[PDB]
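Make the full structure from the sequences, and use the hints.
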Amino acid sequence: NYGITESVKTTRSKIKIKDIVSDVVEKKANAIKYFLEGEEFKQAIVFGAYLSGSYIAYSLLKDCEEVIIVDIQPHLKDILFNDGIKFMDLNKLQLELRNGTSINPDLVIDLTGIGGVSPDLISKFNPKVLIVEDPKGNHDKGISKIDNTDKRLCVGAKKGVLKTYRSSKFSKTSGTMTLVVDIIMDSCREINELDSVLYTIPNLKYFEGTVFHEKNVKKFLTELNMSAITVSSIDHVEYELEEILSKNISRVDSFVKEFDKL
Amino acid sequence: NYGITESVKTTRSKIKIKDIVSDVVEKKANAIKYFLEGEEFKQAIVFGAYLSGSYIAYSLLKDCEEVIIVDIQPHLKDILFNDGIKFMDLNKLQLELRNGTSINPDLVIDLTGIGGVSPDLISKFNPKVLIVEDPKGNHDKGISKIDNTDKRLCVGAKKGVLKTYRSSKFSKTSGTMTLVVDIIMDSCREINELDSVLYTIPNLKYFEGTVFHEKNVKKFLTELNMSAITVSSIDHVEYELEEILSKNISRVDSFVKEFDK
Amino acid sequence: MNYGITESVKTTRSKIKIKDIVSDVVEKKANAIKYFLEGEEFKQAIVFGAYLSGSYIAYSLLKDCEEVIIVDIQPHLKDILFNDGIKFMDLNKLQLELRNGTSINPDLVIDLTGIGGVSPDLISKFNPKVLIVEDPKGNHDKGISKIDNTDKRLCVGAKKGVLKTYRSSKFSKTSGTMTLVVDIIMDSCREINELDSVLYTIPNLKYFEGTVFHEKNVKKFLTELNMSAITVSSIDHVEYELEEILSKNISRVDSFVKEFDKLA
Amino acid sequence: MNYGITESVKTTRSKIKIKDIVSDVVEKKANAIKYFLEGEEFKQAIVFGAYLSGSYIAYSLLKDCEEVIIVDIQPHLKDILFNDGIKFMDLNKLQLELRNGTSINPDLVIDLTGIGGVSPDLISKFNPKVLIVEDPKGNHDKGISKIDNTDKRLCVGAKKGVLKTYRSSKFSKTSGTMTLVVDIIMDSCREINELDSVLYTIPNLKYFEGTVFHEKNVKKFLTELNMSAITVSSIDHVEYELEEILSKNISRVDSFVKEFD
Ligand SMILES: Nc1ncnc2c1ncn2[C@@H]1O[C@H](CSCC[C@H](N)C(=O)O)[C@@H](O)[C@H]1O
Ligand SMILES: Nc1ncnc2c1ncn2[C@@H]1O[C@H](CSCC[C@H](N)C(=O)O)[C@@H](O)[C@H]1O
Ligand SMILES: Nc1ncnc2c1ncn2[C@@H]1O[C@H](CSCC[C@H](N)C(=O)O)[C@@H](O)[C@H]1O
Ligand SMILES: Nc1ncnc2c1ncn2[C@@H]1O[C@H](CSCC[C@H](N)C(=O)O)[C@@H](O)[C@H]1O
Ligand SMILES: Cc1c(O)cc(O)nc1CC(=O)O
Ligand SMILES: Cc1c(O)cc(O)nc1CC(=O)O
Ligand SMILES: O=C(O)C/C=N/C(=O)/C=C/O
Ligand SMILES: [Li+]
Ligand SMILES: [Li+]
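Chains as they are written, first to last, in the deposited numbering: chain C, 2 to 263; chain D, 2 to 262; chain A, 1 to 264; chain B, 1 to 261.
Do not rely on the hints blindly, as some may be mistaken.
[What the hints assert, rightly or not] The calculated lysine-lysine pairs, modelled on DSSO-like cross-linking and capped at a C-alpha distance of 30 Å, are: (1) C:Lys170 - A:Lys146; (2) C:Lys10 - D:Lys137; (3) D:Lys137 - B:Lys164; (4) D:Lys170 - B:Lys137; (5) C:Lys15 - D:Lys137; (6) C:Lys15 - A:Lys142; (7) A:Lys164 - C:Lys159; (8) C:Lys220 - D:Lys10; (9) D:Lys28 - D:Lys220; (10) B:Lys164 - D:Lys170; (11) C:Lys137 - A:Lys137; (12) A:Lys28 - C:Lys170; (13) A:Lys160 - C:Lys125; (14) B:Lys10 - A:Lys220; (15) C:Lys258 - B:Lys10; (16) B:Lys258 - D:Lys142; (17) A:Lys93 - A:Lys129; (18) B:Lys170 - D:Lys146; (19) A:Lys137 - A:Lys216; (20) B:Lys159 - D:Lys129; (21) D:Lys78 - D:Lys206; (22) A:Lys19 - B:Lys206; (23) A:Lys170 - D:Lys10; (24) B:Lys206 - B:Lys248; (25) A:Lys216 - B:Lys219; (26) A:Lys248 - C:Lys142; (27) C:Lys10 - D:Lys142; (28) A:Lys10 - B:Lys137.
Rather than coming from a laboratory, the hints here were simulated on the basis of the structure.
What follows is the structure, encoded as structure tokens:
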């Protein structure tokens, strides 16, 4: 707990990266839960296992008789933590749609965001409820150009767009990873201004690469166990360290906006 | 070079953490070089091997017949990269001073900063030149309270204080590590505002722990070989990434202020 | 460009004036509406909300709209119109002309009033070809989101659009012209202050809104806008970077009308 | 508070006025000098630089100094003295009295003129017990460092001190009262804007310095300082947080005299 000498303290935050991830994904799951108003479903299909998809699918098990996660990456089966959730890779779903009858969801949720599922694939369903996650955060022309959320809202008797922002703060996307990074970065900025702090370390890395380039979910989850922030200071900063992090986590606001249509 | 899909790019900065470290330590070494005005010395003693001390000691070999690094941590002998530099731990030095004649430096440089060498030990020398690195950066009451740089300027015919700041930007200390962290953090914030960037990763960790808690200099040097920043974006940002990092490195200004009398 | 307290320090006032930033923002909003309207011609356009972009937006409609009427709840805002080609009606005069007469039947309705503005009830009294409602929400804020009712105002019109205005890469709480101008200037000041040799950086800001709505003096308000956005104290020349930073922040404003789909 | 454009939006003017922030800052500088002087009494104090902290600092010296004189190169700055117990001299009148008369022989000299101010040559004409020079440098800026000559002004006096003023954890380019007031208000505005329900946040700023030095109108300047520092447009009440944020940023100002050995 000392640094280079006993004159300096090293403090690692109690809040871990996985704790921030958990808070964000829980907010998204609760936003969906609120939108669905306790409606029960026979078959839910959720596109996009990483990063919030896993927990969102878990949260649907109560009111959905069957919950299926679909991901173009077969190795993301490893990111599911409950066995009640069925996993299908995109080729398996598309095959089952073409030469089968078992796929006819009354709830469809697209969490894939930028460069994700095609409106054509969504158009193959006729659910009671369709939710599309809007990957756009605050304004960025380049991201707006590549977004096609509105084109994906092409089926369903009830339609919603899942939005996630940080109150009073700028983030480029609504993605769980983006929000976690931005929470940590903003927290570091304020922590560094605490009296006696020498420097403030965000324990960040390109976690996305661990999942999608190394294709190592186990390692990714281990990486999330790290303290979010490590601080070097002369005086104790334990309590303010957690207070600043928790405050920035609390700014995340997730909600489904109903999209009107007949 | 793609991310989750081919619609998103992943870009790793060409500038590595060690490159930023190198730039900062070079500025400190050059600040000392300028202050010394080409004066030649028989024996230089540098306190504090980590983080700039190693290169600073190297830079003194030209004009100093003997250059000795002293560190309270014996394992920091591993952070010296030239064989021309002699290493002594604090115990070995303090003993050679009491019952020896081999230690009589005409150049003394204290790079230890916060919680470092005592003024009592500095007072045991009588060099031509004394340089003390001021660990204080911009204003912080807690850091000012523990600093005793001025009390260490107690010997030497010529006295100087090595200061390092970032032009127009706030940093809590002049330490190489602090400056590298702050360069990367400020660069990340500006990079994130580039059009089409989704998020911006500073490839940071508690490197100091690797050196002083794990006592693994080799691992530490390996950790520095990492790209400073990794970006997720829709469009190419390769050149802007380097421009922003380079600009923030260039804000570092290191200089020795002469302490009169 | 002059000296400060002594000739060792320079005082630089920006060439860009507050009114120039206002102009650029209101022009972007007007052009967003223009693009949405796709050259359609209209017999009668009614624009709710004269301040701050309404005056110019209404003027920009004159080309394709035979008659353009600005409606504002504040009668003194008649003073904020550019010329006589736009008709001004206070809210009371409109609501009376709606009840007694046939002269009010717009085929284009634009609501620019934003927070606490026109009621969905009043909008529902029209049956235009096109309805545009300005969304006052900027980036995320719970308190502003809670008081906004933009979606409830989109209750008439064969074609419906929502006018949105944000700053690329930067946070603003609303899309209001005033908010955006303030934030442009504030973000510019923070970057200008970091220029080498700057001592301090003054945003030439005040509560301009009060001049319009509390003092009720539009002429004074327009005079207040005819002032350099920023004044800088520095050792060295900063005139060029000063304008470049302001111009860059102005260019981040992005205004567009998002079509609100309604098949029925 | 009052309503804004409609009764759905509120307008809040801060209770803290610009003049209150000025007062707090100049008081901190005066107390820094007070602490440095350790209750020593003086026969004649000369303070160079009436604007902006000089007026109050001179007032604060009346207690322990039999005579207090403010010297300014601008004769109209006699108007910024609020106490008649303080004597005013323009620079010409002083230099003439130094060359011919004998009435000028201060035992306390304080130079508050900072950038482009009094010359070391003029300071060298005195032989006080105590010399204090205000260091105008704030945090690091190369252009400002290059024009500063504070150290060259510390050329007389049995006891020498440098008056420094910084903001804890925050960046300011100078120690000037005006710079600090501006930066306090600007940093407060940034944080206030992030309060829930705030639409926009107005710093009630203008180029006050011009009112004093270009319009040469101290009366108007003092009236200009009698405005709320910040005006906020918001949906919900923010009055409590508005004052707390301003007060917090004021409290970051730290002024102290460093003894020059
Ligand atoms: N066409 C497609 N069909 C199914 N899954 C897809 C897809 N394209 C991408 N995906 C998956 O969807 C995810 C995209 S990343 C989604 C991140 C999410 N918005 C969050 O906040 O966490 C990845 O798991 C990716 O493998
Ligand atoms: N009393 C002492 N004698 C010698 N070395 C000491 C010491 N106290 C601390 N040290 C060493 O001095 C260094 C302190 S860290 C110095 C950081 C430096 N300012 C920079 O910018 O890189 C460490 O290597 C530590 O082990
Ligand atoms: N019910 C109503 N009818 C007509 N005008 C109204 C109104 N309520 C408010 N207004 C007017 O609408 C304007 C609100 S301020 C609108 C700001 C605008 N969004 C911009 O970006 O500039 C004011 O001129 C106000 O007087
Ligand atoms: N050579 C000189 N002799 C006397 N006064 C001078 C001078 N040069 C400048 N001045 C005066 O000194 C002041 C410089 S401004 C000083 C600001 C001060 N540091 C603060 O914190 O408020 C002005 O009043 C100016 O008129
Ligand atoms: C939001 C998002 C996305 O929809 C697609 C992608 O490749 N990356 C991100 C960023 C993130 O995951 O945070
Ligand atoms: C500090 C200072 C100064 O010494 C000289 C000058 O012209 N301007 C300033 C800035 C200020 O007054 O804040
Ligand atoms: O005008 C602004 O920028 C802020 C908003 N003020 C309001 O009262 C209503 C806006 O729609
Ligand atoms: Li020598
Ligand atoms: Li952008």
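Quick rundown of the hints versus the structure:
no. : hint                : in the structure
1   : C:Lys170 - A:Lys146 : 17 Å, holds
2   : C:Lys10 - D:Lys137  : 17 Å, holds
3   : D:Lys137 - B:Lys164 : 15 Å, holds
4   : D:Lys170 - B:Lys137 : 14 Å, holds
5   : C:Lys15 - D:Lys137  : 29 Å, holds
6   : C:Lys15 - A:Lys142  : 28 Å, holds
7   : A:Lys164 - C:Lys159 : 25 Å, holds
8   : C:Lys220 - D:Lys10  : 22 Å, holds
9   : D:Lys28 - D:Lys220  : 25 Å, holds
10  : B:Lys164 - D:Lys170 : 19 Å, holds
11  : C:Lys137 - A:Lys137 : 15 Å, holds
12  : A:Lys28 - C:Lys170  : 24 Å, holds
13  : A:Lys160 - C:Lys125 : 28 Å, holds
14  : B:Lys10 - A:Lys220  : 22 Å, holds
15  : C:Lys258 - B:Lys10  : 27 Å, holds
16  : B:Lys258 - D:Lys142 : 14 Å, holds
17  : A:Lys93 - A:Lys129  : 23 Å, holds
18  : B:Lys170 - D:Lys146 : 17 Å, holds
19  : A:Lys137 - A:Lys216 : 26 Å, holds
20  : B:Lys159 - D:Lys129 : 27 Å, holds
21  : D:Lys78 - D:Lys206  : 23 Å, holds
22  : A:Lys19 - B:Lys206  : 16 Å, holds
23  : A:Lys170 - D:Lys10  : 22 Å, holds
24  : B:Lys206 - B:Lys248 : 23 Å, holds
25  : A:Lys216 - B:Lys219 : 28 Å, holds
26  : A:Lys248 - C:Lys142 : 15 Å, holds
27  : C:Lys10 - D:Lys142  : 16 Å, holds
28  : A:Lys10 - B:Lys137  : 16 Å, holds
The structure agrees with every numbered hint stated previously.
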